[PDB]
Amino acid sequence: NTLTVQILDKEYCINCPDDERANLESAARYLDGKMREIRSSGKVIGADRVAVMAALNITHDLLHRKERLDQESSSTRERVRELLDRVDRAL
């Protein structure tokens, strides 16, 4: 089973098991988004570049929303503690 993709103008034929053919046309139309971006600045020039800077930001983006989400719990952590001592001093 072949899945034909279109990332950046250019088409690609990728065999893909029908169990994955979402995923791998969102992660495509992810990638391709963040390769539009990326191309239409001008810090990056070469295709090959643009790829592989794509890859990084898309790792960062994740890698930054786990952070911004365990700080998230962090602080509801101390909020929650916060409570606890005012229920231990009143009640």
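Under this definition, the rigid core comprises the largest set of C-alpha atoms superposing within 1.5 Å between the forms. Numbering follows the first chain given and starts at 1. First, how it differs from the form deposited in another entry.
Remark: with the core as the superposition reference, the CA shift of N23 between the two forms stays below 2 Å. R49: CA moves less than 2 Å between the two forms after rigid-core fitting.
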Contents of the next structure:
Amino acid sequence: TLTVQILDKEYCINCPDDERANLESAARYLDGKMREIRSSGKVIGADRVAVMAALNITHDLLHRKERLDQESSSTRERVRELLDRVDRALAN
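Show the same protein again, this time as the form deposited in another entry rather than the form deposited in one PDB entry.
Here we give the lone chain, stripped of any partners or molecules.
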């Protein structure tokens, strides 16, 4: 169980040991983004600042998720292309 502090509040979450540091980065990002929005005075309400912060990080995570899905699809295709040639080489 990991506990991170985001904008004057404490959150206790459950996560694999292999994710601790990474989730702490997400917390640090949230915290900073929130402080930025809060001090911008353009978003009224604590809940509003949190959703804007959360929407921002969800927007970056989706892009990293898209890049991940591309590289994963490229590897899968090269592997499929290579295994297919092993098959042919064995057929003759």
